[PDB]
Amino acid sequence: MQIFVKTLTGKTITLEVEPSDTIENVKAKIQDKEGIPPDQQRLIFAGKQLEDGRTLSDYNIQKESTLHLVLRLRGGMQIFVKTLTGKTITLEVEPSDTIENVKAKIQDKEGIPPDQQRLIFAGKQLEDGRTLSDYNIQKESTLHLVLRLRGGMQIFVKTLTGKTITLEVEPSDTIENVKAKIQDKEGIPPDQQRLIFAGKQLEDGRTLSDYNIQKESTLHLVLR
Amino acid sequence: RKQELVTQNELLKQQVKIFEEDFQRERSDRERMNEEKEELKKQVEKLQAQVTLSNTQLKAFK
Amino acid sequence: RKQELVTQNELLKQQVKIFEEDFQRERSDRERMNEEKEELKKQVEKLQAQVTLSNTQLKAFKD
């Protein structure tokens, strides 16, 4: 059984759900395919916010139905992250969150790749494997974020002259992200650029893994 | 203004630590890169060797 | 311990600037290393092609 979930902006997602499922199960599927935690999403049907615990059959959901996702402005737990600069970040976290999940939330908020982030809580650096309850980080506690000069993966680009630049990249990154980094380090608008690797050129939709762009690979830049 | 200062100092100490950590990372990458350059160097060495021997064979046979 | 704090503070800011500069220099040298690797790969391809051409000439034109 397929169900539709649309946001107010127009985005749709399709979920396989059984009528016996509770709204919590659907919110879990939405975070699975969305990342948005359940304490920040409210599901809407024909005008009303469906209440957790009740099943889809309590609301006459059959196949082809359409629910609406609405994001909350907050969840139930927030912590504060201070930088060396003077900016403080109120980060929404779940208590069951791993430090890598927290760093991914920091990435969604401010953009830093998580392998360029180190988090301190009362002197101790936080291993990515541990969770917040391991370090007993409670709500409204303060962490220190220090940023690296580099992540784990860098690539090379040959500019319009023969000169080489280096890019901080993730295999996750799409060629639009790479073109944006080239713009930030070179000033060419992304659609004035063509990227060539192994004689092929890279469309702006597929990631660097799709082209097996490994670490220290050398791309060539062309103007269009 | 004495506690904002100490917190900036601890933040700066951790910043220095992570910066020299990244420096050692880049140095390790450069070391392995130098290794790969040496591999390529030996390759071009043997290629130049066979080029010169085929050259002398050609020049002798003509 | 008040001027000690500001003095160590400014010293640490200077140290982060200095370490960032050293990192920039190491990344520079890494980039140049990669450029050398690129030209060595070009040399490899060229020399292999030349070896092929001369091996063919050799075994062909002379018995």
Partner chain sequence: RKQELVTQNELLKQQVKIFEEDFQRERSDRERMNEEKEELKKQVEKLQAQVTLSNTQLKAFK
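C-alpha atoms forming the largest set that superposes within 1.5 Å between two forms make up the rigid core. Numbering follows the first chain given and starts at 1. First, how it differs from the form deposited without the partner chain.
- Of the two rigid parts of this chain, the smaller turns against the larger by 14 degrees between the two forms, per C-alpha superposition.
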Second form
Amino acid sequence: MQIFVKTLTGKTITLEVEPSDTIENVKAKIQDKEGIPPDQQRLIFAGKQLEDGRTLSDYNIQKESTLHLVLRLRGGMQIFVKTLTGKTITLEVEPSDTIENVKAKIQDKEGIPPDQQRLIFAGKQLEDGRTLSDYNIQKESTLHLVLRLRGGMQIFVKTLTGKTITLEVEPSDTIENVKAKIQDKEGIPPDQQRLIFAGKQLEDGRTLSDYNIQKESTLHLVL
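What about the form deposited without the partner chain, after the form deposited with the partner chain bound?
Shown below: the chain alone.
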């Protein structure tokens, strides 16, 4: 069956579930579909704060039912990232988080791409594969961030005025976020700019690997 989840922001997420699904699983699906950690999610049905250990049938949540999502500012575990400027960044994390996930959080908070990040804990550079628990990264433990001026993959974008500009990207980057990078570097708002590659319009949902755009590939920007 399918259910709906309404947020204060107006969005109504549609989920595919079973009556035997726990609230925890539902929050996991909300995570997979919205990128929000389960411990930062608060689900409301029939005036009750749903408990993760209970199932949807325990709250008589029928088909086409509507839950309410309230978001929390913090989860149950925070870590601290220390940069060389002094400002101690605080990250909401779960022990299941990989280092790539942590770098993704650092990206969402500071704008710096994961492949330009260099995390060191206890004198050891953290590998993107292992999780936080792997390095015994406990609550409130402090990592150290080392910055990189360039990533691993660069693409160039030509404006209609002959001016080309470099861009640090990843194969997973959607065209929307590429438009966001163009928005940061050049200034052109995402809704005015149209991206063209291989003689076709680039859609904001497709990743860079979807058009298999490799490194050092030139994209043509119009408006």
